[PDB]
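First comes one chain, alone, set out as structure tokens in the form deposited without the ligand.
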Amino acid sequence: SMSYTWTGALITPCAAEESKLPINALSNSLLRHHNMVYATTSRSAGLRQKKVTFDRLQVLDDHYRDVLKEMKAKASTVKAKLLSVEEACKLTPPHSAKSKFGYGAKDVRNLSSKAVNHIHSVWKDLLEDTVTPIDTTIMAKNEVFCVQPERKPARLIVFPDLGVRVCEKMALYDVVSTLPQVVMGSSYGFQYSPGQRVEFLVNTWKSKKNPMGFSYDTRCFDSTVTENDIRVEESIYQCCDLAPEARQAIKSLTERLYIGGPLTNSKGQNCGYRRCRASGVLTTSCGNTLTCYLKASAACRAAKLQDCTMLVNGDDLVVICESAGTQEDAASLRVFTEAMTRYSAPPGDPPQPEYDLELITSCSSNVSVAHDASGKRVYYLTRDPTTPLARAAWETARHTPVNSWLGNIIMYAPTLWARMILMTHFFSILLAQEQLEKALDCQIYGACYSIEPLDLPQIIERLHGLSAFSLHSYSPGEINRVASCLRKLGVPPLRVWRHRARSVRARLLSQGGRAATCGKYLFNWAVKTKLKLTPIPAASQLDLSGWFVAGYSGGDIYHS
């Protein structure tokens, strides 16, 4: 079973593509080494196709079936509801890819008769037809990165028509939003805010007599997902207490879309056929998480890991267990990897045991420690700032659908780099354009949110605590990583950011209201004589319930 079969037709762009970093009057204030930043384009799609195309083989043992039985038992306690057409329409991002049937996302959100009538016809077809493959479009993603030691090819996105996507929501939004946590419990990563993820990892690490942990990187996970895997996923969904109509729709979507289907480029030409995970469907996140959890849990048993605790976020996996010594741990990991491989999940980078929690990277992030105003140790989530800064550079010269700088500030507010650079840089820009009150779209765990920059102090306090505005004395390793990134990209030093931050702060304070609050809390680090920094009122008015519940990457979800 080949993950993909190709016809030879190219994966084409739907518009002009820029690979080199766009430069404007503000670029140099952020970084000088422009040539280090690039965006992937359809021109490298061929390289990616070669990487993701291969045969899959699976050998399923009793551990695999035992874990699946446990998962099904838990799934049977779930009761999910079908979404109405309007509810599903409201979850559609305003700028989602238009339908080829005469209507767009805007029409969907407005509940226009034409869009609504077509959605109903698609739904009706799903109930009556459970065998005809559904068409999908394949595109090369345009993403920004920084040249790495060891340029990456564009990732591929595969998605069905807008009408089908709305139907996916009606049949599965509730399921993908609630089933994972019930089945995986504390191992389900998307139920945690950054701070809660740290808490879980730290408490788990402390729960072992001699902790040992490792991250497991499956090589091209989506391509390793087999027909068996996708049918097993469906069998789990079907354990739920569902309306018969939902069961039919889920069965149909699985047979006609999730298992595989024809691939069409932006020009309308047949590019080939997919027999693996589609990266752009509602169940991509839930499905990968379930499958990764199933295989990893079985592998932990096959390798005889002692008290293994897992944390899974889609294809991202981390395991923390009881150490049996350096030599034995190395042996256990090899067996774990052999098991994963038998399950069709071979590693890209071979896993290695770590005995220092800070050195374990999962979800492209790691736990580190700093100190608050009181001098107390505070654990927080951070990550290598390279990609975040590369994308900020792009966003500095071009307006984009997703403002990664905002999402990164939200998720990494306590970090040295987000505070010193991202906050300072963008608030200066917002001030100059008098766009402080303009809400911006960003993404959290794949879902899109419209957020007002002025609400950041409230958001940060609620999610990270007041200490996020006073962290200092960062770790040697974190300091070295940030310093390295600044040199690599050619970013101005601390003295320059502090100077700018003092100016931005002074300007915000003069604005009063929420702006003044942003200046007081976000930039207290820049002043020589720090201020009070006490709780904030309004903060408790924003509804943050739903932000960290489930993953929706590739799911075309809008939460507002």
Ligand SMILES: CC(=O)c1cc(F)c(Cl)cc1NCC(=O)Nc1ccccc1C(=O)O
The other form holds:
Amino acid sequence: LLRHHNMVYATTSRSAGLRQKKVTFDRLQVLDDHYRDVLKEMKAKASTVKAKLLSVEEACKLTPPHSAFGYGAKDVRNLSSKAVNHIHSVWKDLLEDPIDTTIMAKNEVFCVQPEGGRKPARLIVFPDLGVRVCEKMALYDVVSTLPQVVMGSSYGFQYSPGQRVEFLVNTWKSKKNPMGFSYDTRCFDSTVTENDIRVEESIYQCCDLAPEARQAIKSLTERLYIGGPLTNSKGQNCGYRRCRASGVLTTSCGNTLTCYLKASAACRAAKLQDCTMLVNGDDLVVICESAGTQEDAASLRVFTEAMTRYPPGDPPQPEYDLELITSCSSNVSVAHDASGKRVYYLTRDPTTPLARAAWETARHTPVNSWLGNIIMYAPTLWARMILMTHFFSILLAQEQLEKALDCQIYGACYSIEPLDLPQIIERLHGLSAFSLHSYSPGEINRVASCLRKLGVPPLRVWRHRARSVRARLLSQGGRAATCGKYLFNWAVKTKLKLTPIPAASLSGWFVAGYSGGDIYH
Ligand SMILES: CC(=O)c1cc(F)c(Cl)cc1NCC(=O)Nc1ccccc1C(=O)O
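Condition change, the form deposited without the ligand to the form deposited with the ligand bound:
Every component of the complex follows; first up is the chain already shown.
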């Protein structure tokens, strides 16, 4: 796959200092009649939901076989009495009574910068297995049910990729005169103030809850969530945290539930019209009614002003074409199916997806980025022509087609069988996923260009490699041939007709976000 094996680098703890100074800064919020009004409507909805506690066992089953006092995930999962009793002893320590966490640096694989420069590692912050399991018993059923109730269609994790595109496209198509933009808040977790976290608590507490549930949430909120001590791998003090911890069950929830309240309110201060938000973590997209180009521009510096006092990285750009808006590193693009009929789909710059694919050939990994990406980007031309080709060839060589693999989707861990990709993709994207062609020159160029930049063979070659793989999958039959038939129809001159798959007939997959949670489904 990759030749320029030098621009591909992972982030280590050497660069922690860098990330600490990008992460350390004082916070100062102001509230408005807007802010508050959002809040009241929120709680109005929040107080609508009956939430229930998870038994120690249910919390145990939700722990990943390889997640991080004397026991491990395996022990937790088997319901080991050493494990279950130690957990009971934090749960009770929790109903009767600041908690410690671990601060670590993340090792993610990127590629050297545009125009040079290597991004500093991200800082992970998680209690230990025992705490984590208590987080689920108390909150899990809340971070799995609140956002959608409070934020309605605005909550992003409720969507599969195909559903996101649809919502984005129809939302855009419904404005008489649409204007939109993305807004990335600088180190959102670091901008989360203690007050936000309590407000959060408040909304959690708005829910029809279990007596101890509330007791446990409050404890967690004050003991674990508003902040606390920070310990490194060795065992020394690295400090204290007064904002959002990244590796706790509620982190995704809080950010989405928070970013929403700030933007939603800042959209009232900016006086921008029929504001529709798509929120997931700290990434926000807004599609509203244009008030005119210059009024829009002016109107957007006010949205910025208001976010700040409740900041951005790059200043937000007003946009009048949906494909031009970028969020989650993704942008909508269009192609045509087997009838020339236009199909919109989500795509992204393919550098990180390919870079981590390269890193995945060198060292087999804990989490298969390649598969996830195939699943989330099945309709894109780079994911079909390169990723599916490259990895099915590998699965063929090492004879691993049948081995299920651990895939992460929206921070949640899943067990997926490669041979199931056909059915899955039919579900998350529709049959068009297997007939898309006539991609945008722009899209084609970013891809064609990224291939040079990284030094991976050109598309024409992948097409041949695919004709070969396709052939070998067809020769083995069953699910594999179907993988050959459906996944590589794009690679042959005379296409075969792709009828809807029988076995294509995937809910838990897009309900909520669990980033930095410890979820296994
Ligand atoms: C919510 C979000 O970030 C997202 C939603 C989508 F609808 C699509 Cl298309 C892409 C997204 N993010 C960029 C990305 O690269 N995501 C992933 C890639 C592989 C496996 C999992 C994810 C993930 O976002 O969980």
